[PDB]
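Coming up is one lone chain in C-alpha cells, specifically the form deposited without the ligand.
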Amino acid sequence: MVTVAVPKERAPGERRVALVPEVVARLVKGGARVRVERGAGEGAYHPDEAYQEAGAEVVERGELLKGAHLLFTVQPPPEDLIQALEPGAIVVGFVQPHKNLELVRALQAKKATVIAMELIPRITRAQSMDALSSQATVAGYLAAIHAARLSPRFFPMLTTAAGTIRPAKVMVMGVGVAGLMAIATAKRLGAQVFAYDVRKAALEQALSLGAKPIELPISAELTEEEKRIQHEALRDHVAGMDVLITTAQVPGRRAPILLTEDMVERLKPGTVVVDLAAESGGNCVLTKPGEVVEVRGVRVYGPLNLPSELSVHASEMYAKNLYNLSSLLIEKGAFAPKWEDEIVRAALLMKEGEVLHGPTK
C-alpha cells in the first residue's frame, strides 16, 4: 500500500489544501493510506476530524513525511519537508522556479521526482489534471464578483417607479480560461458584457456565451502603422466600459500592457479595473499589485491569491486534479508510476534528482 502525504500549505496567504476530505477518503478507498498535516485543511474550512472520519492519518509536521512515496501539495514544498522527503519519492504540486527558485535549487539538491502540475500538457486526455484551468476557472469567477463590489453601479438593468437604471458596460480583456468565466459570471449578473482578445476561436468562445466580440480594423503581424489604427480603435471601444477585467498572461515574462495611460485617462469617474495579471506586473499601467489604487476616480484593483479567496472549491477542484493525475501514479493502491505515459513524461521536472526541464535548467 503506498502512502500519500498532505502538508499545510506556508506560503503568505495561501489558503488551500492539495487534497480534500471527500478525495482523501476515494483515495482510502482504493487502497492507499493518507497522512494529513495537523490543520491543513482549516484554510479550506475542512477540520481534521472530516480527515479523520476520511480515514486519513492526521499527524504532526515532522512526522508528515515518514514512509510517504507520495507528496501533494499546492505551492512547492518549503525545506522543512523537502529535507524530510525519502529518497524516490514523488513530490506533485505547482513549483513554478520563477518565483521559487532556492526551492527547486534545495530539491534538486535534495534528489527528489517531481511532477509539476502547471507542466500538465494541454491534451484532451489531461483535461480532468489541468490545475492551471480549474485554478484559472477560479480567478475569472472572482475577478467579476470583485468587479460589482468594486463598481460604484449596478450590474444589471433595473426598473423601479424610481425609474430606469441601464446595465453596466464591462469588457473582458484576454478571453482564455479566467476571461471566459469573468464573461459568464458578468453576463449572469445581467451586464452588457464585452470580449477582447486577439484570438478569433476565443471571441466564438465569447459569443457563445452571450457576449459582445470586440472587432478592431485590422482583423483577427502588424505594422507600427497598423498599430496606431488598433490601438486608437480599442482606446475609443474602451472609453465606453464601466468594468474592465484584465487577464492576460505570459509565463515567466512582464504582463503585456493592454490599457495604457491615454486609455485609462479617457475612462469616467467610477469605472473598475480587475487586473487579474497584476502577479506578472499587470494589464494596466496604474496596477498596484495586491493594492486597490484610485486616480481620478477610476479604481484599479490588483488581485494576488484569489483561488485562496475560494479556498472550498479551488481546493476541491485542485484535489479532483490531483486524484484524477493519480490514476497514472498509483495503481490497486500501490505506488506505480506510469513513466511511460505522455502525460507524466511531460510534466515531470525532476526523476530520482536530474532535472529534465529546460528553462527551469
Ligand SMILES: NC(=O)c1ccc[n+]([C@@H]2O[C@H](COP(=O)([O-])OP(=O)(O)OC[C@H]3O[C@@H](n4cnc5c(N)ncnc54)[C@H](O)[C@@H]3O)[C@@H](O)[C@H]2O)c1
Second form
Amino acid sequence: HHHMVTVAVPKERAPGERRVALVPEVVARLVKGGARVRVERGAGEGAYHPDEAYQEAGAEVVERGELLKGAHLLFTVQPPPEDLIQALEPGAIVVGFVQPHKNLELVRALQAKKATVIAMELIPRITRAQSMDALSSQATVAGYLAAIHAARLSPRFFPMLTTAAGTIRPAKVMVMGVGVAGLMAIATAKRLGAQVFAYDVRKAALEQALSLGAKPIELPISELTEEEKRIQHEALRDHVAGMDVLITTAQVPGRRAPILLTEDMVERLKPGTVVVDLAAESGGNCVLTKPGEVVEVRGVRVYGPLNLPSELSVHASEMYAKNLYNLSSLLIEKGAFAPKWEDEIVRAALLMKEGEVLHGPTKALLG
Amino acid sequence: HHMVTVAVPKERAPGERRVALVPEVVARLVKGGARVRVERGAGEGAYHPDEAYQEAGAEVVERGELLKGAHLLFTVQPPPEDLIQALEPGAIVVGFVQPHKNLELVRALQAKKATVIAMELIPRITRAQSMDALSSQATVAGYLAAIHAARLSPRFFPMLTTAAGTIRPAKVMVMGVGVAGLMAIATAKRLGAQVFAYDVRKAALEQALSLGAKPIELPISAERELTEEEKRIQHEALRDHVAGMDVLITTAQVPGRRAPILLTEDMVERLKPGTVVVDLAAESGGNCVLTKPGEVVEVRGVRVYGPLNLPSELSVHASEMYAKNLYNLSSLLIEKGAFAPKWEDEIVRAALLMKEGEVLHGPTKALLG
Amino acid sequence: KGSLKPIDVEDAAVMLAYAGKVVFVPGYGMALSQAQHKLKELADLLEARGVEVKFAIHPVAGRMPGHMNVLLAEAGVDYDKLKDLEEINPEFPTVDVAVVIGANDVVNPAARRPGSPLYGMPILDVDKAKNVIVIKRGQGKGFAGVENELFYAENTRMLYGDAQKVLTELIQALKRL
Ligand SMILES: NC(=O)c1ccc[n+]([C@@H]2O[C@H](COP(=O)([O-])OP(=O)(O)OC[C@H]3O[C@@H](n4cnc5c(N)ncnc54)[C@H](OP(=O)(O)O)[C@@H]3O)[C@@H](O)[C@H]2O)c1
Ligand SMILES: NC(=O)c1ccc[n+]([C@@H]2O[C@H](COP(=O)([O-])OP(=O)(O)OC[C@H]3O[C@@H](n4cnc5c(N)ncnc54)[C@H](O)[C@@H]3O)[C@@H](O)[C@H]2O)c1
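The form solved in complex with the ligand is what I want next, because the block you gave corresponds to the form deposited without the ligand; please supply it.
Next comes the full complex, this chain leading.
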C-alpha cells in the first residue's frame, strides 16, 4: 500500500537558468498515469511554456509557498534553494542536478533538513539507463550550440563553396574530447560543411568520431618518458596549429578541466582562429578561457560558454523532462509513490537519504 | 600613366571590418606590374597584418600618404572626406557607394571632380559575373542569417532521435529568395531544418526547390498588381503559413528604397513565443515591423534580430571574395601594369557613377538635386 | 552542323564499365532533380570498380554561388574529389567519359565566341574529353536561352530523362555487368 503521488515542479532561480524540470506534454503523461502534478506559477516561461498549457496538461498551477504542500517528489533543474528546502515534508524526494562542489551550502541545508535527494549527475553511465541520462541529453544540446557558436565567431565560412568570386576552402574544425557533447559538435560542424578532425585518448571515441565522418587525430603513440610526453605534446600542437576552429569538451567529474590548449599551443594559432571551450564551467580546456566571456588575444577568439542548455531552453527542457519521466518509472507505480530503493540506478544516484549522505566524495567535500 | 598605382585604405564606417584587397590579391597585382599602397592596419579587421601586405609587394604607409601618385582607390565603403580631399586628377574610385546612405560624400566627390565606379552598379551580364560584389557579400549574409537563427532559436534545427525520444526538425521560412535567401535556405537545410520558401517570382521558387526547400503555395497568382480583395486573400493565407514557423529569415530589399514590409504587426502577433526572426533588410528599413537595426529585441517571446554588417563578421572570406571581384574588374582598368580604363566597355559604362565631377547615373543625379 | 545522338542507359553503362577515368559535371538540372545521392552512389560504384572519378564544378554552376558544393557535401562526396576548372580543364583530353548531369550553359563551347550571350564566361573543356554523355530531360535550354553545339559533337551522346531516375537506372544496369 502506497500513497497516491504528487509531483512538484518549481520555477528555477539560478542565475541565467531558463530550463524547467517538466514540460506540459510530460506533465500530461504523468497525470494520465494517475499522478497529481503541481507547478509553480511561471515555471516554464524560460522555456516558452505558459501556465495555461500546464493546466491543459492536468497540472495545478500554484504559488511558490504552496508548491511543496503534500508533495512526495520535487523535480528540479538546479538544486532547490533555501525557501523550497525548508518547505520539504517527511518522505519527500528531491530529484534534479545537485553538483555539490558548486552548490555546497545548499547540500548542507538539505542535510540539516534531513532530505532525500537523487542527484541527476549520479545517474550511472550504463546501457539500461540512457533514457534517463540527463548529462548526455544536456551534453548533446551543448555540443550542438558549440558548433553553432564556433561558426558565428569564425570570420571564415565552414562549407567549401566554389563561386564566381573564387573557391572557398572549408574550415578546419577540431573537436577535442569526443564524449557526447563532442560527437554532437562533430555532427553539427559536418552538417555545416567543415572538414572535421577528432581528438581523444580513447580508441572507441575515435571509432565513433570516424563513423560521423570525422578524421581522427593519431599521435605518435597510444608512464611515458618525459621526452615521449614532449614528442606527444609537440605532435598535438602541430595538428592544432593548422585548424581554424577548436571545440574543446574534456571534463572530469569532481576535478578541474584538463588543459588541452597550453600557452605554447595557442601561440601557434593563426589570427582569426576560434576556440569554443565547453569545459569553462570546471576551469576550461584552454589557458586563455574566461568563463562566460568571449576574449581575443592575438586575434584568437576564445569563448567559454556557460549554460548552453539554457539557450536551447525548449529542447533542453523537453529532453530533461523526458529523462525525469523515464527515471520516474523507478519512483512511481500506477500513480503511487513507490521508490525502488533496491534498483541499481536509484542506489547509484541516491545522494542522501533522511539526511545521511551516501555518496562518498560528497561526504568528503562536506567534511 | 606610368606604372598604375592602386591604393587601399583602412575602412572607417561603423562596424566595417572588410578591406578592399587582401594580400594574395595585392601580390597578383604587383606581379602584373602595379604598385600597391595600403594604409597601415587596413587588413586588421580581416586578420591581414601590415607585414603580410609588405610580403605581397605593397608599400605600407600613413593614411595621409595613401593617395599620393595613385590612379585607383579601391574601397569597401565610399571614401570619407579626408580621402576625397586627397584624390588626384584622373584617379578612379572603385567601391560600394550607396548614395542614398552617403549623399553628402557623393556631393563632395562631385565637387572634387572625382571619377567613380560603384560596385552596386555592376551589370548582371555574363562577363560581369566574377565582378558581382553584391552577390559575393549576399552569399555571406545568407550563410550567417541561418547561423544566427540557429543561435537565437531555443530549439534544435535538426530532427534528433535519442534514448530520451524524438525531436521534430525546426520549421524555417525564408522570405525573399535572392542570393542571400538561397544561401540561407541551403545552410538551414543542411543543419536539418524543415525549410520553406516565400517569394513572388516562380523562378526563385524553382531555385528554392533545387535546394530541397518547399515553396509556400498561396491562393492567387502573384505573376500583376493585385486588387484590394486579392491582397486580403494573399495576406491571410501567408499569415497562416507564417503562424506555423519557428524561424523567419526575411531578406527582401529594393535598391535605393526602404524595405518592403513582409511581416506586419498582425502577422507577428500570430507568432508563437520562442519564434525567431532574422531581418536581413534592417539596413534599409527591415522587412518586419519589430526590427530595431543593429539590435536583438524580444516582444511577446518573439526574438527579432536586425543585423547590419554580416559581411564584416565573416571578414576573412568576405574580403577575399570582394578582393577577387575588384581584381577581376581591374582587368578593365589595368592593362599590362599601366592605367588603362576601358571607357567603351559596357561593364564600365553601366557602373561609372561619375566621371570627373559629371554625374552619369540618373537616379544619383536626381538625388543630388 | 551535326546531330543529336540519343543513347540508352545500357549503352551508357557499357561505356562506363570499361573506362579508366570519369569526370562528373553537375549543373542546375542535377539540383532541380535533387539527383545528388544517386550521383554519389554512381561515383562510389565506379570507384569500387577501379575507375578514377572526379567532379568538375563550374564557378557558376546552378543558380547560387556554391550550389553544386552544398548538394554534393550533403550526399557525402569527399571534398578532395571536387575540382575547379583551373585544375580540371587541362586534364580533360585524358577523360575517357565526361558525364554531364543537368549542365548546359557551363559546358557550352559557344562561350569562346563574341556573339554569344555567354561570351566572357570561362567554360569547362568537356568538349576535349574522349566521350561525353549528357543527361537532361530533353530539349530544355539553359539560363542564357541558347542552343549548345556540344550536344551535336561526334563524341557526345544524349541520355534523356530525369537525372535521379536516369542515374538510378544507370547504377542498376552497372551492377548487372
Ligand atoms: N550559380 C550561380 O550563382 C548563378 C547565378 C545567376 C546565373 N547563373 C547562370 O546560370 C547558369 C547555370 O548553368 P548550368 O549548366 O548549371 O545550368 P543551365 O545552363 O540553366 O542548364 C541546366 C539544364 O538542366 C536541364 N534540366 C532541368 N531539369 C532537369 C532534370 N530534372 N534532370 C536532368 N536535367 C534537367 C535542363 O534541360 P531539360 O529542360 O532538357 O531537362 C537545362 O538544360 C549559367 O548560365 C550561369 O551563368 C548562375
Ligand atoms: N566502453 C566504452 O566505450 C567507454 C569506456 C569508458 C568510458 N566511456 C564513456 O565516457 C563517458 C564520459 O562522459 P561524456 O560522454 O559526458 O564525456 P565527457 O564530456 O565527461 O569527456 C569528454 C571527452 O573527453 C575525453 N578526454 C578526457 N580527458 C582527455 C584528455 N586529457 N585528452 C583528450 N581527451 C580527453 C574523454 O574520453 C571524453 O570522451 C562516460 O560517461 C562513458 O559513457 C565509454
